[PDB]
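The data below hold one chain only, encoded as C-alpha cells and taken in the form deposited without its partner chain.
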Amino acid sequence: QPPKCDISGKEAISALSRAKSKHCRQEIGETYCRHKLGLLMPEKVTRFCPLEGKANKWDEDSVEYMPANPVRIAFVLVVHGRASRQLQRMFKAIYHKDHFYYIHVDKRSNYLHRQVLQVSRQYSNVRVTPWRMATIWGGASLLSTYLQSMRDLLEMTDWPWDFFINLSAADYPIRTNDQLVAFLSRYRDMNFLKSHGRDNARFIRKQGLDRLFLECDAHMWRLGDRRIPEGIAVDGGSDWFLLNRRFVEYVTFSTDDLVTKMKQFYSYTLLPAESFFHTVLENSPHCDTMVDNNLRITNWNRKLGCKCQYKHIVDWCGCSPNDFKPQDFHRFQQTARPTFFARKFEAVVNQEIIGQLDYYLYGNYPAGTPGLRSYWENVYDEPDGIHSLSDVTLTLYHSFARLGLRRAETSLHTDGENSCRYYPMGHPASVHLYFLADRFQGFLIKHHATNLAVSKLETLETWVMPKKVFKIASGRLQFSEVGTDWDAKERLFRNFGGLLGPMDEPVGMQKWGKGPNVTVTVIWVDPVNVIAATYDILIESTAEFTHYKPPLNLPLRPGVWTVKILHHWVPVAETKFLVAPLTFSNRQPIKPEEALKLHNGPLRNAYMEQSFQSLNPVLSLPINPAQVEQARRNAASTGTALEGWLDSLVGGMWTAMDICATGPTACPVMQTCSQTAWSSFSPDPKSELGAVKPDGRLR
C-alpha cells in the first residue's frame, strides 16, 4: 500500500528500503508524514523554573553517623544477557531487608528471567516486572521502561520508598549500604544527575537530539531533522542517576505543559534517558534540587570504547564504557567527590577486580570456602530449545558429550563387563562456560545417556578443554589466535571456544609487546595444505593488538587449519583452528546432498582470486594427492561415517578432562558432580542466596 503523503526525505527512504516488516514500513511512513505536516513534535514549551540558569547545589567522615530516619531505597535493576551468577553476587552485596528491588529482564533473555524469578519467589521485597521490553542500545524503549517502572512503584502502597536508583548487571557498589543510607538520609530532598558540562550546542549535535528517530523491529531508524523546542534549556549527560520520590511523582503524574510535551518529544529520541530527566528537572519547579553528580564512577576510555560497534542496531555511532581491571582498584578509593557505584564489571572479562572490591567492602569469606576464584556462566539451557542454538554449536556440543562418554569407558580397568559404557540419548540439557582465576577452562555439558551394563538412564556432566596450539619458534609477538566476533573494546573473541563451521568467516588476531616497528607475513593454510591467503602487516611501535578478516570464499574445507607468521621467511610462530563438519542441518540430521555441498571446499575451487601455489615448495607444504582424495570421500559421508570423522577431529583439538554423575550411577569410578571442584553443581557460596540475617543482610 502507498503512503499517506509523498515521502522524499533521503533518510526515510533509506529506512523504508531496509525495514523488514510491513508493520515497520507503515509506521515509518506514518511518523514521517505526521512530522512533515508539523503535527508530531512540539516547537515551544513552557519553563516553570524561576532561576536564571542552573542551580548546581565533601568530608569523608560525614557518612559515618547513624540516622534516626533512614531512607528506604527502591532499586530498579534493568538486566540482560547470561551472567546470572554475577547478578546474584551483586544483589547479595546491595541487599538489605528495608529496601525494595524491582527487576526488569530484557524480553530476549529468557534464561536470565527464569533465574531472576527464583530470587523474587524467595524474598517479599523483590518483584519482577510482568511486562518486558527488548531494550536495545540507544532505543527509545529504555525511557518507556523507566517511566512505567516509576508508575508501578508509586502505586505499590506497601513499599514506602524515598529514592529511585537504577542499576544494570554490570554495576557494583563501591561503598557499603550503611554509608549509602547515611549520605542519602542527609540529602533526601536532592536529585543526583550528571551533566556533560561542555558546550551545549555541540552536545545536541553529537547526541542527535536534533534528529527524529523511531524504534521498530528492534532497530532505531533515523528519519530526518527536527527543531529544538523554544522556551526551554536542553541538557543531558549520564543515564545513571538517583531521583527522590517527590520528583518521580512529578514526572509520573504532572499534566503541565513541560512534562506533557517532553514525553512526546522523547518518544522519538535516541538515547532518551541521557537527557529526558535532565531537561525536565532543570525547567521544572524542582530545578533547585539538582546536584551535578550522579554518585557513579564510569570507566570511559575513548581510544577503545568508541568504535561504532552498534551500527547494525541504531542509525548512529556511539560509545560504551570499558570493564574494570585489577589495576583500577585504587580509583574506588578517591576522595574528590562522593561516589557509591561504578561500572562496568564483567566476570567473563575480569573477575579478580570484582573479588577485590567485594572483600574490601564486606570482608573475606571464611577459610576453606570453595569456588571463590571460579566462574560459571550458562550459555545454553534446555527450555529454550535446540532451535535457539545454531547447527554449528548443536553439532559440537553433541561431539563434546560423546568425548566424555568415551572417557568414562576408558577410565575403568577391568577384564569383565565394563559398567562405564554409555549410549547417548537426546540433546544436551545445558552448557556452561567455566573459568578459573580469569583463565578459560572450557565447556561443561550436561547430558543424558543409558548405562549399558544395567540398562538405566543417567544424567552426567562433562568437562572439555581445548588443547594448546600456539607455538613460538626462535621479537615482540606474544600470542596469536583465530576466532569470530572480535570485541574491539575489550580486545577478545566473544566466541570463547572458537567454535566454527564451514560457513564461518574467521578472524586472525595477534598480540604484541613494546618495541620498534616491524613488518611480518601472515599465511593461512587449509587442511590439505592449500595456501588460502598471504599478506604483510605493519606492527607500529605503539600497537598492542592487530587483527584482520581475510575474504575467503565459502565454504571452508573442514579440518584443522593452520595460520603461520613469518619475518622475511624466517618462522616466528603458528596457531591452529578447527573448521568442524556439521552433522545437523536445520537441527535435523544432515542428508547426503546437503553434506556434499557443505564439506567439499569453496564453490569457486579457490579461496581467493589470487593464487599462492608458488609458495607451497618454499614453505615445505606439499599437497598430497592421497589426502586430497580422502577429503573428497569424507565430504560425501553422513551418519556414522560422518560422526567418526567429526569426533576424530574434535578429539585432536579437545580433551575430556573429567565426567561426573548428577545422581546415582552404576559406573564405579565416576564422582558425584556436587563433590567435584569444577562442576556447575559444586558449591559456589559467593553467588548463593539464603536466609536474611539479624542485621538484615545476605552478605
The other form holds:
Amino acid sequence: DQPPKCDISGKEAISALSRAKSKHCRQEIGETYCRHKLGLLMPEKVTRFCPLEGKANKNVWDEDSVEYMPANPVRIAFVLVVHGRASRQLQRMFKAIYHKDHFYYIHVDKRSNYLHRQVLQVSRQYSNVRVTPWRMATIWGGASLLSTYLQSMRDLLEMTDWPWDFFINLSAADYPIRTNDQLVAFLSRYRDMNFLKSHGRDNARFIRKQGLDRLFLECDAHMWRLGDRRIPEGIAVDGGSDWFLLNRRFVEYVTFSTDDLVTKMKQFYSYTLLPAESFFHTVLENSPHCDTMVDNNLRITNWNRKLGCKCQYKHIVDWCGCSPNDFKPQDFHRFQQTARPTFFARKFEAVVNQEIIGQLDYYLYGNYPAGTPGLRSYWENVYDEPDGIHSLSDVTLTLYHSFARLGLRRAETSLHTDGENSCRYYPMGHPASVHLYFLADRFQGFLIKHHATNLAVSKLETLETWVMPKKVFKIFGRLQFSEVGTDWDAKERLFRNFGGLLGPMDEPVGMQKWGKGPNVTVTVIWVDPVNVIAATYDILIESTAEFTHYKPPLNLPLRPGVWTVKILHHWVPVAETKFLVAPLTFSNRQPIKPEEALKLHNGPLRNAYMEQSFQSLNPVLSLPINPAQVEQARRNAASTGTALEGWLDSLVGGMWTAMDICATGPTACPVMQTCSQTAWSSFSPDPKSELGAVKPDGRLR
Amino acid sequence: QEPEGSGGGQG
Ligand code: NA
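Got the form deposited without its partner chain; any chance of the form solved in complex with its partner chain too?
Below: every chain and molecule of the assembly, starting with the one above.
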C-alpha cells in the first residue's frame, strides 16, 4: 500500500479512495487526481475549425417524400449494444430490421454470457452479421460506452468487404416504427447529413446537470467522481441523446483525424460521465462538418421524468441519473405522428408489456398466418447451466431444486394404476435451465428443465416443469392490490424479483396499489409464521397516490415460513396478502450443515424484529401465539438433510402449484406429453422470435 | 416532445 505521488486533499477523491475496493483502483484514482492536480490531464483550450458563427440546424416535412424508390440505396451498418436476458425479444427486433444488403455488428456486455451465446448462433447463420471479439462491461453512464462506439467504428472502417454508408446504434430495448424501405429511401435522400438531437434547454443548465464540469474515472465497474474541472475555452459544448445516425464521412473523421479538436476531445471524454451524450455533438459542431448537422435523431424517446428520475444508479455512479420509460398500448398513437421524421423508438420490454410490441410489428409488416402459435406468450431465460450454480444464490438454487421435485411428484400422482408406477422419478444433479413464462402480459411462473432417473426402467430422462404461484391476495375502498417482494422498480412500478423468491436474510418490501378517490389513512401489520407481530404503521393515501411502498426495518434472520401482511381501516379489515420466507438447503452452494441451519432458521439474532414491541395487539387482532407451534418451529430450525427437505417442500407446495410436466425426449411415463407439442414449454414453437432462411426480397419477416 | 439528456444533477 504505497502512498500517493502527491498530497490528496480534495473531499471527493478522499471519499472515492475510502470506498474503492481493489488496490489497482485506489492507485489509478491517485494517479488521475495527481495528474489533474498538476494541470497535465485535461485540455484548457481547443481550436474550433467550423467556419459558421453558430449552429447549422438544417431542415428535413412531407410524408410522401419516403415513398420513392432510390436508384442508389444506402447500405447501413447497425451497431447493436446489448445486455441482459431478453434474447427472444432481441431476435424479434433483429427480424424486423434485417435486410441482406445491410450489416449488423453486435457488442454483448462482458457480464451477459448467456445472451452472448445466443447472439453467436445468429452470427453463424448469416454472412452480414458479426460479433465484436472484444467485450466491455458497459455500466450505465460509464466512460466505456464511448470507447465501445469508437472501437466499433475503427473495426467497421477496416472491414473492406462491408461498404456501408450510415452508422446506427440500437439497444435490445429499441424497435423500428417505420419499414426498412422507408428508412432507406429517407437516408438515400440525405446521405451527407448527420442526425443528432440536442438537449433543448438552457445550455449552462445542461452542463451542470450532466456533470460535464466534473472529473470522473471508470474503475472496478464504477464511475468515481474526483473533483471539478474547467470547460475548455474556444469551443461550443453541446449534447443531448446518445442515440444517433452518422454518415461514413464523419465517422472517418472522428476515427483518423489528428487535429487539435479530435485529439483533445478524446482525452477530455475519457474521464467524463455519460460521454456519448456529448462527445459527438461537440466534435461535429466545432469540426469542418458542422454544416451537416440535423437537430433530429429520428427517434421517439419515452421520457417521463416524474417516474424515470429516481437517482436509481447511485450504486453505480457518483451522480443521479434518469431513464426513459417503457411504452404501453395506450401509446400506439404516438408512433403515427408526422410532425417530424422518426424511424425508431425506445424503450420496449417484453416482461413489462409485450402487447404494444405486437401492435407495432403487425402494423408494420402485417399479421402472422392464422393458427400461428405463441404470439401472445413470452419466454425469458434466467438461469443457464453453462454459467454454473455459483452464479445463482443460495435462495434461488434452493427453490429451483424444490420446484423440480414438485414436478416429479405431480408426474407420479397423475398416473392411476394398481401395478408398478412408470412415472416415479429420482432427481439427478442440478437444474439445467430456468425460464420466466408470460401469457398475455400476465406472469405465469417458472419453467425448470432438469434431469431425473425413471425408476421403473432405470433410465435417465430430461424434463421441464411448469410451476405457478397460488393466489394469496384477499380483499367500497380504494385498495386494488397488495404484494410483498424485493427489488422494487420505481420507474416501472413492479418487483423485478418476479417470483417473489425470498430467504431468511432478505429484506422484504410491502407495496400497495390504489385507485382514485379521497385521501385516506390505513394501518399495515406484518405477522410472522408463529403469529409474532413484527411491525405496525399507518400511511396516508393521498387522492393522487397510485402506488405506495415501504421496507420495514426487521432484524435478521427472518423466521422461515408463511408470513402475512394485513391492511386495516380504523380496525376494520380491508385486505391481506401472504408471502414465503423459505428455509435454505444450500450454504455456499453446498448442503447446509446443522450448525449453519440452526443459526439461520431460528429467528432474528435478537429475540425481536424491532426494538418496539406489539404483543398487546395479538388479542385485539385474534392472533394468539400457540406454544405448540413455537416449539415445532424451533425443532424445524435444527433440521437438515431429509427432514429439512420435507419442511421446505411442505411450504413450497402450499404456495406453488405444479401445473404440468413434459419430457424433451423419449420417456417411459405414459401420461407425459412431449415438450415440443405443448403450448407452454420453452421447447414449443415460437415463430415470432425464430430466424430462418433469407427470402427473395432479402428479408426475414 | 421532452428534452434530452440523462443527467439529473448531483443529488
Ligand atoms: Na456471420
